[PDB]
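Here we start with a single chain on its own, the form solved without the ligand, put down as structure tokens.
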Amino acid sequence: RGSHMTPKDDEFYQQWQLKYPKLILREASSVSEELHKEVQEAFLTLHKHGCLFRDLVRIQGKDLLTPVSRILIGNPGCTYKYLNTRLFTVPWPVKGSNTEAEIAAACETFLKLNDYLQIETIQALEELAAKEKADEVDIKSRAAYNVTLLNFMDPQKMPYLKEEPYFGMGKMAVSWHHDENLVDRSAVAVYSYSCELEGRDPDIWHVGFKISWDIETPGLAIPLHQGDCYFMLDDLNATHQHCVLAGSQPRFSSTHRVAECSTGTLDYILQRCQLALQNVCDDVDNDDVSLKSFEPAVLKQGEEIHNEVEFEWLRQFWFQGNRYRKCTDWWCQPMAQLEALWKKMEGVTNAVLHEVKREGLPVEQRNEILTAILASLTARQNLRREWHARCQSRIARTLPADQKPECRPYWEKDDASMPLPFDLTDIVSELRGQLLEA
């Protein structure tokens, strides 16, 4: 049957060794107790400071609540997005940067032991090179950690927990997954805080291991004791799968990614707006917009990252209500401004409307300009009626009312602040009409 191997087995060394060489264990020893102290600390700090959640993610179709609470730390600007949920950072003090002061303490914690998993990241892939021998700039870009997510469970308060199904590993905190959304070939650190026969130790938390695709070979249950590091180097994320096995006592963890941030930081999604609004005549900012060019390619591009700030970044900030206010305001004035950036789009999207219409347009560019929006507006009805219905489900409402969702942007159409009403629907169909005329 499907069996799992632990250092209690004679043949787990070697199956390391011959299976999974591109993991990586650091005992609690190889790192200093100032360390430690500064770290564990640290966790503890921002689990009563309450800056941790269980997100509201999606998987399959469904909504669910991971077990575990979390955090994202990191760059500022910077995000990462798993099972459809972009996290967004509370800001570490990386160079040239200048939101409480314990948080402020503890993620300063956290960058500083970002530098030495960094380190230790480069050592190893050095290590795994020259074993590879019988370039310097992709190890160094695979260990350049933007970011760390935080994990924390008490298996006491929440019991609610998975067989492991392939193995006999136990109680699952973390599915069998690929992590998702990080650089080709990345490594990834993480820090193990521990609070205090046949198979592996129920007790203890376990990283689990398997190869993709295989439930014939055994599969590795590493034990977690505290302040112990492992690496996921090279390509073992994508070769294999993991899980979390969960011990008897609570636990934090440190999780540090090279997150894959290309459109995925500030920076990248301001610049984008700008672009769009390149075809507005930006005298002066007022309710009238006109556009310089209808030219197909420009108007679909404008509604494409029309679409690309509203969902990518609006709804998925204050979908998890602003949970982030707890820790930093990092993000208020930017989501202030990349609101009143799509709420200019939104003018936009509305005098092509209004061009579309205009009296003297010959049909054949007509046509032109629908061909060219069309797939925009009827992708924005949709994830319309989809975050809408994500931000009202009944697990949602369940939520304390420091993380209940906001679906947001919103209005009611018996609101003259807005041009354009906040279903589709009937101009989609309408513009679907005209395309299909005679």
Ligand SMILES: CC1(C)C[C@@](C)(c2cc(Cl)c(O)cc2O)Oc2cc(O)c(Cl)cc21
Second form
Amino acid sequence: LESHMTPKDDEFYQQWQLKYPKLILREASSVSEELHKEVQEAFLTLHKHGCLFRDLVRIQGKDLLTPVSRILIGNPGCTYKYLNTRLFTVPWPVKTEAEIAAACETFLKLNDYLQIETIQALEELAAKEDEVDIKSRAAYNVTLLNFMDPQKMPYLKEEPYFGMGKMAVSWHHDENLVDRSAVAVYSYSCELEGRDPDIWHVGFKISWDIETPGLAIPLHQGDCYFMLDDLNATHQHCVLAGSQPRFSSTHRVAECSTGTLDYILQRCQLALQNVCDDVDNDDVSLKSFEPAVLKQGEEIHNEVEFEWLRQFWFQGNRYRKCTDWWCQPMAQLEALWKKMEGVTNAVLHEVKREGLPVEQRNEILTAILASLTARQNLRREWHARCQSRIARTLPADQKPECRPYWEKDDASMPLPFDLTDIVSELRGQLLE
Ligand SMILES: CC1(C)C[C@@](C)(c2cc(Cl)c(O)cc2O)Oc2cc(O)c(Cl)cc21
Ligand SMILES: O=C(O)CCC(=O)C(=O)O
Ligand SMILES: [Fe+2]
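What would the structure be for the form solved in complex with the ligand, rather than the form solved without the ligand?
After this comes the whole thing, all chains and molecules, with the earlier chain placed first.
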């Protein structure tokens, strides 16, 4: 028999107390009516503007459209990878259309509240037994807003292990967050035996384990729960659907290191340091052909192409919908990437040079081969996603573009989109 515990069960309380002291529930009544009102109409304002989208992700070779629709809000220039998809933040105001702007400021306000609340709970957790690590682990820099109308799903998956009923989101961890960082969730739903099917819950279980009954926490309008310290790492959680639509705001400390606009612009500039930068034209000449430098260049070339450009454009107009913040950055990154395409072309030219000693030539190939191989394989992978049957089902404002894509016989680009011949020839030379 698959069982779980809820507040109806005598044992729930001791189970929570003893086995989940890093899980906190602050009920709606602990949060002012003022914040509740401001936050709930911010959700509606964003929903009404169509700012939340389902994502067409890629998982285990499978293109899947997420049941839940979402928008990422947070520090300007920050991003968050979620199921191999890089989400780009709609900026909130610290250091557009008035309404959407206002909403973002609201979610920042909520962020401030939750943050303080989290530090407090971390400090009490510490009192049950530096301060820098506490503030570091509650410094939320993004929220991922989620929405689902359980009515639009024709059939929801049964919870596999504990008989928890229908799932909106099955078991997982929140990934790519700062080590041991808290996660804080504001939950907003409208309105014998086991959990009430009509009510939203969050479910928790320990990783690896389906023998300890899972916990299902009911979540009524405006309840907040917090996952503290290592909880998110040691436990899985899921979201159990009720009968009515529900939003949530999930505040996180995203690991914002190789995932910011400042970082990737810096990487680009680093690559371009190998380029004679007098004038911007098709005559790209390189300062050095030292293995280590050419490798770095080609790696950055792949980084901006696949982690940034292709991720951003995969979503169609999913970002210009509610902000134009990323317009100039993406135009600038693409112009940066286009120069780097000139860089690969010049490298290929150097390699082909008849005066080049074979030893130096081979040392260059060994430097760049893995990068160009990855670039080939990754392109094939991306082009396929853009052409999948599920991708073509999407609406016009969402349908994936495979930007940047060029047909060949497009004299504007120095190299072909399809690198298989070039790769095969490079690899063939190194076997001479
Ligand atoms: C991958 C899988 C099947 C499992 C699960 C539980 C999931 C979510 C997240 Cl966020 C995670 O980091 C890891 C996970 O296993 O939930 C979703 C939700 C979705 O919308 C889609 Cl398309 C796929 C999935
Ligand atoms: O909505 C919640 O309570 C958790 C968030 C979540 O599971 C998600 O959509 O990633
Ligand atoms: Fe989650």
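Residue numbers count along the first chain shown, from 1. By rigid core we mean the largest C-alpha set that fits within 1.5 Å across both forms.
* Asked: For the list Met158, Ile122, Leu277, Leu83, which one shows a CA move of 2 Å or more between these two forms after the core is fit?
  -> With the rigid core fitted, the residue that moves is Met158.
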